[PDB]
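Coming up is one lone chain in structure tokens, specifically the form deposited without the partner chain.
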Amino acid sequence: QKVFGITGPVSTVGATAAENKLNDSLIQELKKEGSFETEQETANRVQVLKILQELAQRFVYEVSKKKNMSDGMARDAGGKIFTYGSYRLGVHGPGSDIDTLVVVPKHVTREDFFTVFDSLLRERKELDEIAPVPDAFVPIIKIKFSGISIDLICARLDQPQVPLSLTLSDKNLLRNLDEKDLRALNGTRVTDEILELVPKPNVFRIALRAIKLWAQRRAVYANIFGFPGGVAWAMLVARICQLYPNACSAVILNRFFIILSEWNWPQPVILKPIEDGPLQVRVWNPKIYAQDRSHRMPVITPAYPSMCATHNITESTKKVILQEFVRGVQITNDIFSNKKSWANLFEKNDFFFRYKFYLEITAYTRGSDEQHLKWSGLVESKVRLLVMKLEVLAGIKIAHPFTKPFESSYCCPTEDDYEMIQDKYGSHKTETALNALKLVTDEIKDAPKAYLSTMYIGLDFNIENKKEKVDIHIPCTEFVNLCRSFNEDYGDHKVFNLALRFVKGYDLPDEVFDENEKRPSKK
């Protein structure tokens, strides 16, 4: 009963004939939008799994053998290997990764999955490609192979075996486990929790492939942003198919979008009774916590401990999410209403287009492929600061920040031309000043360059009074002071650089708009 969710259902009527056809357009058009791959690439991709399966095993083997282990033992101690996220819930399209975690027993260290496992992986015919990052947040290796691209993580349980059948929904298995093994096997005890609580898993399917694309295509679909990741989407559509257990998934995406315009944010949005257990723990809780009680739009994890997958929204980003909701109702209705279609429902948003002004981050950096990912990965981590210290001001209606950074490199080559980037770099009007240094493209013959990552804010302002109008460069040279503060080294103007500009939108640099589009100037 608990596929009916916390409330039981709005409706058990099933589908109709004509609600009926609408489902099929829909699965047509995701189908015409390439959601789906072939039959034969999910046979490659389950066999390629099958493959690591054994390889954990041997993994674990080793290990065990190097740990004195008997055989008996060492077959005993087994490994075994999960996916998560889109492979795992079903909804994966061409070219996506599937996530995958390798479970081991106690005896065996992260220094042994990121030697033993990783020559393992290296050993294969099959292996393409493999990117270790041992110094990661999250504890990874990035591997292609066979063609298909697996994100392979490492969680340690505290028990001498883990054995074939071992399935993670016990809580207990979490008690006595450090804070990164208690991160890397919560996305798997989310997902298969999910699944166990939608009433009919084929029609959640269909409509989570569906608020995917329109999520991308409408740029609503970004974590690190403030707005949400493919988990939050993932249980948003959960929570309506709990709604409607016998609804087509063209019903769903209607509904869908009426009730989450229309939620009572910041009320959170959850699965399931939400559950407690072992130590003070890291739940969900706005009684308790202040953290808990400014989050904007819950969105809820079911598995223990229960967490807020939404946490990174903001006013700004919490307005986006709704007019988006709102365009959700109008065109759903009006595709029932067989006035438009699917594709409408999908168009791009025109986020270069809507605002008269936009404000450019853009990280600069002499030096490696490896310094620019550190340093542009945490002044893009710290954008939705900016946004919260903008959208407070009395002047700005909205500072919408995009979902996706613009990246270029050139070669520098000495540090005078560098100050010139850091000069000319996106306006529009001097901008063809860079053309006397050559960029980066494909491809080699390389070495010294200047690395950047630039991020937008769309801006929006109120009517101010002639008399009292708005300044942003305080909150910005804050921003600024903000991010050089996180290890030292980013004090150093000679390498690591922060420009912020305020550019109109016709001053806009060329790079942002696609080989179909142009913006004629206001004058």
Second form
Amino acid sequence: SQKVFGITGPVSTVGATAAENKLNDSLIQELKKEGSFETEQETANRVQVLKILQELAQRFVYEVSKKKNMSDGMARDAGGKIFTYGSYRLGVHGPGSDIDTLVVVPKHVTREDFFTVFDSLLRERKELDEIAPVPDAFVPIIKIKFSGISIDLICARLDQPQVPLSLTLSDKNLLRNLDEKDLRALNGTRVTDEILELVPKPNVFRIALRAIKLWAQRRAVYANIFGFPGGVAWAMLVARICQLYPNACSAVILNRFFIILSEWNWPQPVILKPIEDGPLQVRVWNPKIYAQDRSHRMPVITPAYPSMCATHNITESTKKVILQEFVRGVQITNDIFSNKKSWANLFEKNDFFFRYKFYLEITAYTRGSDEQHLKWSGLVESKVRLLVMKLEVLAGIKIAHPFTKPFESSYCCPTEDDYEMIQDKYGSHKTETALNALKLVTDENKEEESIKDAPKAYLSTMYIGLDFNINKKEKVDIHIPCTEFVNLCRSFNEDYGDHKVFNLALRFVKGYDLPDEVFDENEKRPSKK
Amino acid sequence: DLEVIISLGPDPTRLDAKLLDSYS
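What I would like now is the form solved in complex with the partner chain, since the data block earlier showed the form deposited without the partner chain; can you produce it?
The complete assembly is shown below, putting the previous chain first.
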């Protein structure tokens, strides 16, 4: 009831002034200019797509229930229901945004049914242009594009005979007798549903969140895999501030959001309500019981039972960046509120590739199918974080800052020799021009009877910016951490040791000698100081 | 000109994973 004001009640209950609303109006307007919002039309399409999927979910269940020899009535009554979660469910999605979707089915519908029956029902539709089923994923999923709109579909199987249209997923007992995959599948929806019910004024929250997502992206502090808060974390952080200021407008919320998160007594958790127990043998976030939990540095806790920490990955170095960025938020928003800066300023692109003197490139190379490369580089990427952690503990390392995005390229690679060379010359601007000799495969140039044919080599590169501690005279030695990292890129139940195909290289590089790929059309690379 | 060692190879600023065992 008072749940909407969070665990300490409001900080202030005073509503917005006119001067505040004007600055809110210009925010929404900046958000519009920046293309946060899709038109009413493309939202209308989204709604219609889910309708069709809702119809198909009901059909799916109906058909399976007929196969188990229920009557017509019982098959209909068995129901089946579509829920959204993540960005779309929250009202913060953008023009290109995927809809994260969950199909809920009664006890007698398996996921083997989902990957056969539901799959073939999807294939029947004219609106279906692409479908990628991935049964053996950590969460089993079907990725589709439907009427140009991207949908991610997951399946949850309840311990219940029927899933009526009226079903909401908020009751704890919906979790009884579920296996871990099903348990996991329910969580996304229950979490985002609860955030929505834990917020005083949802439209105010929606706008504040749109602002935070843009900022986080542009300031390069949005990437879970690399040790920054992802979407749900940011959503919950924004939700927390909304509770402290129930009547504030979004402009004000952003202001108070940067001040409070920058003065937060970190590692004390941000929580949207008191963490709860339940009847199940499932791990709840609990720093008292679990050493892992205790080591979280900026914990942001999901509210749906099993409460979990949505920022496990944050490292000492990423917390430093996040905190700098909040402190920057504090100065810019106060300036906006003083008529001295615009919102455009807050959303100014980061300058990661100008801010340090040295960088550590980490490159995954593949000479093979792009499916092989996806796998190989996906593996390498997931460890970058672990490298950050080994480096950041070292005496001479002031910070190890991972950038939040890989740099992808690919070349036609007719021979083994071309492949040695790509490996040799790539990554330094001194030698980078050597690979113009090899046709650079372009997002805009993929003539299938020429380019999309030749044996191709793929590169993915992550960058860690470095700051050293140096009034001391010595060679800074970081080979152990780099070597340990390499050995972490270990072939689990698949092999990457055939260097004729996969490779891994790290390279230490001075700022001025950074690869071109790293600078935009409008950026001029730095030079020898 | 700061010296930073990331590998024990011929080029201390370059670590190629397949050569790792041939360095040390």
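Residue numbers count along the first chain shown, from 1. Between two forms, the rigid core is defined as the largest C-alpha subset superposing within 1.5 Å.
**Student:** Of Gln330, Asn435, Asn246, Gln291, which one's CA moves 2 Å or more between these two forms, core aligned?
**Tutor:** Once the cores are aligned, the residue moving by 2 Å or more is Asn435.
**Student:** Once both forms sit on the same rigid core, is the C-alpha displacement of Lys50 at or above 2 Å between these two forms?
**Tutor:** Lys50 C-alpha, core-superposed: shift of less than 2 Å.
**Student:** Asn264: after superposing the rigid core, is there a C-alpha shift of 2 Å or more between these two forms?
**Tutor:** No, the C-alpha moves less than 2 Å.
**Student:** How about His493 - superposed on the rigid core, does its CA move between these two forms by 2 Å or more?
**Tutor:** It does, since the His493 C-alpha is displaced 2 Å or more between these two forms after the core fit.
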